[PDB]
Amino acid sequence: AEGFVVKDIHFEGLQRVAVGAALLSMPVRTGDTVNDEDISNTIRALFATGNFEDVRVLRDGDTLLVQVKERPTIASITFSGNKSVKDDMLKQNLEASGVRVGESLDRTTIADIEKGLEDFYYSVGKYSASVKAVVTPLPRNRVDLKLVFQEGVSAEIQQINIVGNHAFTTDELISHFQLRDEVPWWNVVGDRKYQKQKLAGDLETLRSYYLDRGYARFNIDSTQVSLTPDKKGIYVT
Amino acid sequence: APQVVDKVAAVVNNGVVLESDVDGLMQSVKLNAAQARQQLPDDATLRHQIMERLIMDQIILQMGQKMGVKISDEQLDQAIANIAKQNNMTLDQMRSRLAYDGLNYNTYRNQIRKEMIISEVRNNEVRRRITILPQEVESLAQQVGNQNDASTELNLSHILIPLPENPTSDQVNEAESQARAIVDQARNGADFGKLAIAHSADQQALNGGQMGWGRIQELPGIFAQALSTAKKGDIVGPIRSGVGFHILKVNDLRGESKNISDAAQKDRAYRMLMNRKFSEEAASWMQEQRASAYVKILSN
Amino acid sequence: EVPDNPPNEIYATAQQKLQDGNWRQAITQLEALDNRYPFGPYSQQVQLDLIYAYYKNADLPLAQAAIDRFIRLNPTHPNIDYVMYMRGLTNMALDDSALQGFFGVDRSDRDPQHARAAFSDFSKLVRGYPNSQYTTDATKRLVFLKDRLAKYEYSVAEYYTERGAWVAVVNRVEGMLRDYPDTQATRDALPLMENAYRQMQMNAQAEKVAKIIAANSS
Amino acid sequence: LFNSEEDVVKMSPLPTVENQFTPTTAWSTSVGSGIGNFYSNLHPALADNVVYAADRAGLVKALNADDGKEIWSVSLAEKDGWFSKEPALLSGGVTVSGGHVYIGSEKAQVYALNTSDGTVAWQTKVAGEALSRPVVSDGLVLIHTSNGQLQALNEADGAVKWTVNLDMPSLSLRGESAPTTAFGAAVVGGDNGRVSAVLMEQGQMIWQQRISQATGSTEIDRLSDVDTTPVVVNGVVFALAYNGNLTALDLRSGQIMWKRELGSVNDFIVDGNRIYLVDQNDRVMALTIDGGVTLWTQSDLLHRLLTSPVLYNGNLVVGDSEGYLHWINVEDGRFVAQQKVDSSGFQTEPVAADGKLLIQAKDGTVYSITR
Numbered sequence: 021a022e023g024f025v026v027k028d029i030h031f032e033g034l035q036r037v038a039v040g041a042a043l044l045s046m047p048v049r050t051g052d053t054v055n056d057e058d059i060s061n062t063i064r065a066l067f068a069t070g071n072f073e074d075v076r077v078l079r080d081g082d083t084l085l086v087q088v089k090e091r092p093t094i095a096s097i098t099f100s101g102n103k104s105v106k107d108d109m110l111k112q113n114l115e116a117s118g119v120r121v122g123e124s125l126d127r128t129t130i131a132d133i134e135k136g137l138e139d140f141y142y143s144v145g146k147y148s149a150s151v152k153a154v155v156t157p158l159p160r161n162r163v164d165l166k167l168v169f170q171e172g173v174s175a176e177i178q179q180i181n182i183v184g185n186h187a188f189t190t191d192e193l194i195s196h197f198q199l200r201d202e203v204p205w206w207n208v209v210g211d212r213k214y215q216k217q218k219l220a221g222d223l224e225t226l227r228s229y230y231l232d233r234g235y236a237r238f239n240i241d242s243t244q245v246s247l248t249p250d251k252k253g254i255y256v257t
Numbered sequence: 021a022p023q024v025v026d027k028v029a030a031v032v033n034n035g036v037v038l039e040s041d042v043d044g045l046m047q048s049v050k051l052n053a054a055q056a057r058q059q060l061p062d063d064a065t066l067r068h069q070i071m072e073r074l075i076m077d078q079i080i081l082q083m084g085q086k087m088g089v090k091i092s093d094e095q096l097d098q099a100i101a102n103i104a105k106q107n108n109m110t111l112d113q114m115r116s117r118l119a120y121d122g123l124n125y126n127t128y129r130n131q132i133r134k135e136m137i138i139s140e141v142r143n144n145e146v147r148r149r150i151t152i153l154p155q156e157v158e159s160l161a162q163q164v165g166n167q168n169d170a171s172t173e174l175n176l177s178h179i180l181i182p183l184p185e186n187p188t189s190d191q192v193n194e195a196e197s198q199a200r201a202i203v204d205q206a207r208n209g210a211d212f213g214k215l216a217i218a219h220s221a222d223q224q225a226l227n228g229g230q231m232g233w234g235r236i237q238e239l240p241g242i243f244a245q246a247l248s249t250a251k252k253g254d255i256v257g258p259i260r261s262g263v264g265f266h267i268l269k270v271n272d273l274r275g276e277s278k279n280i281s390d391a392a393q394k395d396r397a398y399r400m401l402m403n404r405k406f407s408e409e410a411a412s413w414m415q416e417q418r419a420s421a422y423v424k425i426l427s428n
Numbered sequence: 026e027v028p029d030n031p032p033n034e035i036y037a038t039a040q041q042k043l044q045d046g047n048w049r050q051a052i053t054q055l056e057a058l059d060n061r062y063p064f065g066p067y068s069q070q071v072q073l074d075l076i077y078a079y080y081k082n083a084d085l086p087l088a089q090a091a092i093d094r095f096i097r098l099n100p101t102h103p104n105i106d107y108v109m110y111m112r113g114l115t116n117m118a119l120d121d122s123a124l125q126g127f128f129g130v131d132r133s134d135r136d137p138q139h140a141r142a143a144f145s146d147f148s149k150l151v152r153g154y155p156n157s158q159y160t161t162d163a164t165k166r167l168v169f170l171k172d173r174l175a176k177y178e179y180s181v182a183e184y185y186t187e188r189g190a191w192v193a194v195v196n197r198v199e200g201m202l203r204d205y206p207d208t209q210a211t212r213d214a215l216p217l218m219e220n221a222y223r224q225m226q227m228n229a230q231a232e233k234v235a236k237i238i239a240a241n242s243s
Numbered sequence: 022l023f024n025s026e027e028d029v030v031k032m033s034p035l036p037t038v039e040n041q042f043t044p045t046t047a048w049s050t051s052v053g054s055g056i057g058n059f060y061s062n063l064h065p066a067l068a069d070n071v072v073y074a075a076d077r078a079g080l081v082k083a084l085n086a087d088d089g090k091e092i093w094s095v096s097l098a099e100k101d102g103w104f105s106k107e108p109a110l111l112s113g114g115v116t117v118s119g120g121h122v123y124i125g126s127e128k129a130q131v132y133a134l135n136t137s138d139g140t141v142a143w144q145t146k147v148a149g150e151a152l153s154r155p156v157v158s159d160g161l162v163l164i165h166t167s168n169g170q171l172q173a174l175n176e177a178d179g180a181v182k183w184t185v186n187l188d189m190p191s192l193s194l195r196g197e198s199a200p201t202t203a204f205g206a207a208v209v210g211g212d213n214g215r216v217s218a219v220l221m222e223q224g225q226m227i228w229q230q231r232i233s234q235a236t237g238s239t240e241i242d243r244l245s246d247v248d249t250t251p252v253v254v255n256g257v258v259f260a261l262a263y264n265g266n267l268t269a270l271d272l273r274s275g276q277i278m279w280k281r282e283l284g285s286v287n288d289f290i291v292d293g294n295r296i297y298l299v300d301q302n303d304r305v306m307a308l309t310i311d312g313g314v315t316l317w318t319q320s321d322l323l324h325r326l327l328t329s330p331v332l333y334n335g336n337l338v339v340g341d342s343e344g345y346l347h348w349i350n351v352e353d354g355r356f357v358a359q360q361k362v363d364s365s366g367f368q369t370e371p372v373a374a375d376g377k378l379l380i381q382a383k384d385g386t387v388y389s390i391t392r
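Chains A, F, D and B supply the protein sequences, listed in that same order. What the first sequence shows, in the entry's author numbering, is residues 21 to 257, in sequence order. What the second sequence shows, in the entry's author numbering, is residues 21 to 281, 390 to 428, in sequence order. What the third sequence shows, in the entry's author numbering, is residues 26 to 243, in sequence order. What the fourth sequence shows, in the entry's author numbering, is residues 22 to 392, in sequence order.
For the record, the hints were derived by calculation from the structure and aren't laboratory data. Be a bit skeptical, because a hint or two may be false.
Unchecked claim - Computed Cβ-Cβ distance ranges for the label pairs, DEER-style:
#1 96(B) <-> 203(A): 24 to 30 Å
#2 184(B) <-> 86(F): 37 to 43 Å
#3 320(B) <-> 233(F): 47 to 53 Å
#4 47(F) <-> 120(A): 28 to 34 Å
#5 352(B) <-> 98(A): 48 to 54 Å
#6 170(A) <-> 320(B): 38 to 44 Å
#7 237(F) <-> 241(A): 56 to 62 Å
Backbone N, C-alpha and C define an ideal beta-carbon position, used for all residues, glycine too.
Make the full structure from the sequences, and use the hints.
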């Protein structure tokens with residue numbers, strides 16, 4: 021009724037998913053009494069399976085024709101533009117997010133991966149870096165993923181300031197730090213690059229330095245990491 | 021030969037918007053505009069606005085599902101009734117719903133459910149982003165508290181029929197006749213706002229002549245004298261003056277027995401301030417969530 | 026390096042190379058045919074041929090990966106027993122050395138991890154598909170692997186007998202009896218347990234083990 | 022390896038202009054090593070025909086405005102040399118109110134020197150490094166520290182009167198907002214992206230509005246520091262955030278009146294019915310006081326790292342990181358003149374007062390730029 025009697029159900033566009041699985045995913049089993057809401061629920065369920073990018077249902081009067089467009093499978097992964105982050109680390113980062121050769125392309129995760137990589141570039145101090153993904157459609161329902169990296173110039177620590185040190189001096193305290201405010205002209209093996217993990221370890225080293233002298237009450241009230249408006253002058257306090 | 025029954029119009033994160041839902045909201049807004057088509061005369065812009073409406077609804081629904089908000093059928097019961105003007109709801113509501121869209125009874129409730137879900141999540145998040153300072157509710161109420169010298173405050177509207185600096189007797193007679201006709205029409209149930217828009221020469225004409233809340237003693241002397249015996253809903257005649265004839269209307273009044281020497393007022397200021405902040409935060413949250421989500425229009 | 030000829034030509038070339046026995050070029054052709062057409066009429070046959078070529082090409086880790094992929098993607102394929110048998114063969118092959126095999130070295134003392142994995146795989150195949158055509162060879166390999174694992178435990182017990190660690194010897198032989206009761210290594214190890222009991226002056230346990238040995242003198 | 026191969030995204034070339042007038046430097050005096058390569062707010066100040074300037078090292082000089090002759094000079098470094106004669110790290114822009122010269126320092130110190138001779142009238146320890154220009158009003162000195170504290174110090178005694186705590190995000194832009202005074206209310210920006218108004222009597226918040234948009238998830242797209250000085254006129258407060266909105270708010274209510282999609286950290290000028298603003302991409306603009314409608318836009322100086330503008334002789338003057346001063350016609354936005362003043366560049370604000378135009382270069386050379 022309404023949707024008429026379903027004599028048979030035909031699927032179109034199925035490439036990877038077996039017809040049995042698609043039938044199992046639909047709520048109607050040639051029930052012979054299908055309404056519009058039943059068709060809408062069927063579409064919603066089919067999309068909820070996560071295997072299709074587009075779903076459409078047509079009626080021949082007797083036949084329910086389910087036209088689906090399967091989400092494309094990954095053909096290859098290409099990294100271009102990266103000058104610092106190697107392709108190996110990137111490729112392992114891809115597999116963690118499910119992007120792997122031979123698997124499907126989860127479009128909704130694209131933004132996620134992009135942001136993640138940008139976050140990584142920000143942890144190293146390479147602000148203004150961008151990582152944008154391009155999906156090109158290859159035949160037989162495939163895609164090629166190219167990650168265009170456009171890294172900027174790494175920001176350099178302009179200053180490392182400690183406020184409230186009356187027993188020791190800033191120079192002495194930061195001499196033991198991993199992060200370097202300045203590098204002597206003779207030393208050409210170190211730089212003033214920033215890293216969040218190094219900053220946390222640095223705070224721990226300062227705490228240990230103050231606790232090994234018998235203070236037993238040293239407390240880091242706060243830590244502020246600032247950045248010049250041109251994004252190449254990171255500051256630490 | 022094959023007939024398209026339904027299709028995905030837009031993809032929203034893991035959910036979808038179906039062309040059937042788009043048509044349903046199409047019909048909803050068309051029925052809404054049937055009462056006054058000036059509300060939504062646009063067609064393409066209306067269609068895109070409804071597209072965005074469904075997109076936001078899907079975003080909010082998926083977010084609420086993620087959090088875990090749920091509503092029982094018991095909460096549904098009654099949450100519809102005692103709303104239709106004098107309707108015999110939960111029995112007559114269903115019978116009348118059969119004649120408009122109630123082909124299946126559940127449809128209505130399943131929609132109501134959904135709407136409640138979205139409301140509950142929106143309210144929860146938007147109000148979570150709101151912060152209120154007492155100093156702020158105090159300042160908002162301070163003006164009224166200072167102005168509460170009068171035991172009763174009147175909401176008022178005014179209309180002006182102009183006269184020149186040196187009017188003739190004929191001009192005075194014409195202005196008086198027009199003012200008296202306007203007063204009679206208003207007392208006969210005519211809309212005061214429309215009359216003010218059509219005839220009033222005051223700057224508030226395009227605003228319907230609304231003057232707002234006021235202390236009677238602070239009004240012009242003629243207004244204070246005329247309104248000394250006025251009550252809510254009253255229409256007062258014209259008042260002669262060197263610049264024309266004045267007409268006054270009382271819309272509402274308020275007062276309390278508490279001695280104002390402000391007194392139980394900051395609650396109302398809190399309500400209004402919370403409403404304004406809720407509107408702002410909702411707009412900022414409705415666009416913070418549209419930007420952050422994945423959307424693809426396949427309407428093609 | 027693989028041309029982009031239509032799918033049929035690529036499959037024919039891969040089959041010809043497999044028949045000729047050139048494993049590397051057949052592997053390259055099959056990889057091209059699989060990564061160009063991921064889900065097609067060739068998918069299952071190409072995956073099986075890749076497993077076979079990887080096995081014959083000594084690319085055992087790749088064979089294991091392909092076997093796992095096939096099993097997880099096609100849990101109910103009619104030719105699934107063949108994949109389990111191939112997994113058993115791969116694990117058994119990881120438990121072999123050619124240089125030591127040339128000199129006639131008994132490798133039962135080396136790492137038994139791969140032997141254990143092969144035993145598990147072959148037992149799975151034999152129990153799941155009793156009527157498969159690979160069941161007899163699987164059973165023979167299971168017998169051999171059980172003997173090898175018991176010989177490993179015997180080697181450990183013998184070393185600890187040499188060291189004078191009697192509790193370790195007793196525990197090892199008890200584990201052999203609980204795990205591999207019917208192997209020859211357990212029969213050989215039984216006198217070691219009796220000696221370990223005797224050294225610790227627990228004569229009742231030694232007498233019990235001696236009775237067990239006598240009842241099974243052969 | 023790559024740090025040398027790495028290349029920046031953009032930088033505009035030098036606009037080609039013809040000078041409708043000849044700009045000349047009346048005088049130039051060296052105040053020391055200057056701020057250097059440290060992003061600071063330290064800029065000169067003018068008062069009663071005298072010019073006060075300083076540098077990060079600690080030197081403070083009062084000079085004759087007419088010819089730049091030095092009147093007195095002092096150093097705020099350690100008196101007894103307790104440790105290597107440590108630099109004072111002066112960062113708070115030199116302010117001159119009454120007979121006092123207020124300077125902030127990155128050692129959480131605020132100095133008030135004497136105008137007559139330069140002796141330290143008093144010195145106070147604040148909650149954190151004072152990166153903002155001290156604001157003198159109602160006998161109080163307002164300091165916005167790096168850790169989101171707005172403190173008020175007594176003008177004479179120098180003791181802290183009250184303190185307001187402002188939220189601090191995980192990552193922010195160097196620099197802090199200088200409050201503005203209006204009818205006993207101090208309006209100040211915040212590194213979280215909100216403009217807040219507080220009282221002067223005891224520091225009781227009035228209202229706190231959010232100006233930013235922060236349409237992003239990662240840290241960089243969430244940067245919304247309101248590091249500019251809000252401008253109050255006729256009961257409306259104009260504020261502007263980084264990546265945020267140029268908004269107009271009700272002074273009493275803090276309610277948004279109109280909004281625009283421009284962002285910057287430099288100051289803007291509000292005069293007559295127009296708002297001369299420098300975008301965060303170094304693009305000069307002119308808008309309307311009524312709304313965000315644009316009158317003209319000058320996009321020839323993108324990524325030049327311009328300083329905040331100053332309205333001098335009816336022309337908008339802006340410095341440049343290379344050491345160039347550009348004049349602009351307010352009516353049209355066309356370049357009117359261009360001059361090469363210094364070689365170290367400009368980073369701090371120019372000063373325009375009493376018919377005089379002052380600017381301090383990165384090396385510390387104060388310049389009087391006359392026509």
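Looking only at beta-carbon atoms, does the pair residue 237(F), residue 241(A) fall within the given range of 56 to 62 Å? holds, 57 Å
Within 37 to 43 Å or not, the Cβ separation of residue 184(B) and residue 86(F)? holds, 41 Å
Assessment of proposed distance window 48 to 54 Å (beta carbons of residue 352(B), residue 98(A)): Distance hint for residue 352(B), residue 98(A) holds at roughly 53 Å.
Determine whether the Cβ-Cβ distance between residue 47(F) and residue 120(A) falls within the hinted range of 28 to 34 Å. violated, 45 Å
Can you let me know if the beta-carbon spacing of residue 320(B) and residue 233(F) is within 47 to 53 Å? The hint (47 to 53 Å, Cβ to Cβ) holds, given that residue 320(B) and residue 233(F) are roughly 50 Å apart.
Between residue 96(B) and residue 203(A), does the beta-carbon spacing fit 24 to 30 Å? Given range 24 to 30 Å: holds, Cβ gap about 28 Å.
Should the hint that residue 170(A) and residue 320(B) are 38 to 44 Å apart at their CB atoms be regarded as holding? Hint violated: Cβ distance 22 Å, outside 38 to 44 Å.
Hints 4 and 6 from the list above are not met by this structure, while the remaining hints are.
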